[PDB]
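Visitor: Each chain is listed here by its residues.
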Amino acid sequence: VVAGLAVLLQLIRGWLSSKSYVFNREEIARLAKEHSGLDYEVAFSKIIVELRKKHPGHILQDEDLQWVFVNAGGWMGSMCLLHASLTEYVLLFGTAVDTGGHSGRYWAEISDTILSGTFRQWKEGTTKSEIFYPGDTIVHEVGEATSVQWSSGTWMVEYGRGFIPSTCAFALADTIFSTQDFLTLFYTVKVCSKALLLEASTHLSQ
Amino acid sequence: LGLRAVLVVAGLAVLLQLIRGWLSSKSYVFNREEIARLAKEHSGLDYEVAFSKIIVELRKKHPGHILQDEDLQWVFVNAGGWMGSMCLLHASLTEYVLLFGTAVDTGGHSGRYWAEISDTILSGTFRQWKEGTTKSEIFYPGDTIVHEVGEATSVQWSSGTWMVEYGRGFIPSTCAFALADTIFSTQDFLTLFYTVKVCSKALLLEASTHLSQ
Amino acid sequence: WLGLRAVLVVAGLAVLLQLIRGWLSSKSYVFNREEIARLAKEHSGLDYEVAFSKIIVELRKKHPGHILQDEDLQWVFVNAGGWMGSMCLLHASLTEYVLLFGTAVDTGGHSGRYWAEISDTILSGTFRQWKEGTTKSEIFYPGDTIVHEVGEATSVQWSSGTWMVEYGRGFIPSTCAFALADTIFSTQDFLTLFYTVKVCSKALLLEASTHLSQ
Ligand SMILES: Cc1cc(OCCN2CCOCC2)nn1-c1ccc2ccccc2c1
Ligand SMILES: Cc1cc(OCCN2CCOCC2)nn1-c1ccc2ccccc2c1
Ligand SMILES: Cc1cc(OCCN2CCOCC2)nn1-c1ccc2ccccc2c1
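Protein chains in written order, with UniProt numbering: chain S, 12 to 217; chain P, 5 to 217; chain L, 4 to 217.
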């Protein structure tokens, strides 16, 4: 099993290393930084329009968009899932309250471009934290674990790469053992299923 | 489409119709406006004096329904990522009245349950973030917030927030959320014992009052 | 009055507690809360990085063979009771532990109710403590020393730069259940759990090796 799971990780990491992707972290970061310094609602709408223009058939429609609460690692915010597959996902994340906690250690590289508010990150193994402002882009690398903190008006555009199904375990831990808000769990499963079916339908049409 | 699960769906539906029918026709003791007004009368005063005056008024207008001072104690409450303390004045299978608040800065998930809850802030601040929005509102002493049935919001409190809270609905379902952090995070089973203790005392007081009538 | 196994299990657990509590009175610990408190208060009001180094040097001087070496030191995240910080474990046994705790973010939550008396001397930042059964909290500043007694439960809150020297006495294995609750049911950071078990095992083996050499 030692060589078994090692070869399995060789196969999975080889697929992630050779898989023609749709998005890239630089693309979403530039598109978000162009609209940084504006109202986060205007930035959200313009970014959604640009994403559907440059990537048709990959972003959910306005009818299928909804703010879903996200409780994880001790912080609470809300997300609007724009795209999601087995290796990529794009969403609009943020909170209207002061929260913070564990960022989560998962098999996925995540990039967050702050549109408004503040982002305090406390990296592992240090005794000092850094504060990031609108326009900045933060890269949560694979296997990294940090402490995150957000202000009462933080909103950002987030893109994640890697083995996405592994990350959902962390995204639903507090919803199971703390909030017990199973309706929010249903909303998350619903919008994720819609994004997966949209990506599957787009693959079928091609 | 026919299956035994269709009967389970209709069975839960008729079970809900029966339970919601009981909740819709059950002569209650308190009402949210009564508790809200009594708490708003004492807003702008020292919250300890307000607590005492509210307890005296509740025991005057509703004898045999509020616990005595011997059975009152501040119990910590950890739920949804926030932490506060409660003083349970009355509790039944459909209603409960308590004095809630925190002396530290906490916040998190308000909880989605089968109960309508009303909180009248005596002192401090209350930040509420409703579901599906991108902006939150801040409520000040005197305000009254109604957390409706099935609603889920994000709450945040200051380092000196204190309020009088009244809840209506299917109370036993809500206790699962009130003890989640106490089981999987704090593991402070002594606080769990205190919560079960004051809950049992309030239920037995209400049962004894019904027996005397 | 047919207690049967019930009246005996109650008395059995009572005898076990008297056995353990007698052992804690006859264990003749190495450190004491006043010793660690003074050593931390001497360097309060200075940079917490400099204070950490001087306290580690003083601890290794006055108690050789009881503090981990620099090779075995690493900052490990600590998630418990709803708050998140970091620790640097200097010494740990079955009845004592010494570490440098603190956080660089604003956190707070349940202090945890366990079978151990804990003393924290703040080097920098602020410490808000909310005792059970009260409606007001107190704020402690660098130089102060807070004693979380056995069986006590308070609400803790720390600022974005709070750092302290902490010493714990009592039945240490019971406390690890609370220290790893959020890491299991909230963070799911199994690598941090591995780090915690790693540094804890190193401290236990160091103390065992020092006892064997004596
Ligand atoms: C995996 C995951 C982590 C997370 O946390 C908030 C994002 N950021 C994380 C790091 O920095 C702070 C905020 N949400 N989320 C998620 C939740 C639900 C999802 C549903 C479908 C697809 C991806 C889905 C992804
Ligand atoms: C069900 C429940 C929710 C809760 O949360 C704090 C209240 N508020 C909620 C919304 O707004 C913020 C604060 N406590 N609680 C509870 C806990 C223990 C109880 C024991 C006996 C009777 C009712 C008992 C009720
Ligand atoms: C049991 C425990 C609680 C805790 O919390 C931080 C300490 N303080 C608590 C009260 O005041 C605020 C901070 N860490 N910790 C721990 C974690 C890992 C340990 C490993 C080995 C030995 C003791 C070990 C002890």
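No lab work stands behind these hints, which were simulated from the structure alone.
For every residue, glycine included, the Cβ atom is placed at its ideal position computed from N, Cα and C.
Fair warning: there could be bad hints in the mix.
[Unchecked claim] Calculated pairs, SDA-like style, for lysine to any residue (alpha carbon to alpha carbon, straight line, at most 20 angstroms):
1) S:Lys134 to L:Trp4
2) P:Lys139 to S:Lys139
3) L:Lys134 to P:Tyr198
4) L:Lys134 to P:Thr186
5) P:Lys134 to S:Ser163
6) L:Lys134 to P:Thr199
7) L:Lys139 to P:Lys134
8) P:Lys57 to L:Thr138
9) L:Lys57 to L:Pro67
10) P:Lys57 to P:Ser29
11) S:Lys134 to L:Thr199
12) L:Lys139 to P:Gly173
13) L:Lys139 to P:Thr129
14) P:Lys139 to S:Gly136
15) L:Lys44 to P:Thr199
16) S:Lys139 to L:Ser127
17) S:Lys139 to L:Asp109
18) P:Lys44 to P:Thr186
19) P:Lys134 to S:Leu196
20) L:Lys139 to P:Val53
21) P:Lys134 to S:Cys91
22) L:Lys205 to L:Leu215
23) L:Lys201 to S:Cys91
24) L:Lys205 to L:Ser96
25) L:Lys201 to L:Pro176
[Claimed, not checked] Cβ-Cβ distance ranges computed for the label pairs, FRET-style:
26) S:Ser177 to P:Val60: 53 to 61 angstroms
27) L:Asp75 to P:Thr129: 39 to 47 angstroms
28) L:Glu38 to S:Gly15: 48 to 56 angstroms
29) L:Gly15 to P:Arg41: 52 to 60 angstroms
30) P:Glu61 to L:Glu37: 48 to 56 angstroms
31) P:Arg8 to S:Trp118: 48 to 56 angstroms
32) P:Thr137 to L:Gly25: 54 to 62 angstroms
33) S:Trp118 to P:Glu38: 37 to 45 angstroms
34) P:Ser216 to S:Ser177: 57 to 65 angstroms
35) L:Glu37 to S:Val12: 50 to 58 angstroms
36) L:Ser177 to S:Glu141: 35 to 43 angstroms
37) P:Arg41 to L:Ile142: 34 to 42 angstroms
[Said to hold, decoys possible] Heads up, incomplete: computed chain P residues facing chain L, CB under 10 angstroms, no partners named:
38) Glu52
39) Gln77
40) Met87
Visitor: Hints the structure violates: just list their numbers, smallest first.
Guide: 1, 2, 7, 10, 12, 14, 15, 18, 23, 31 and 33
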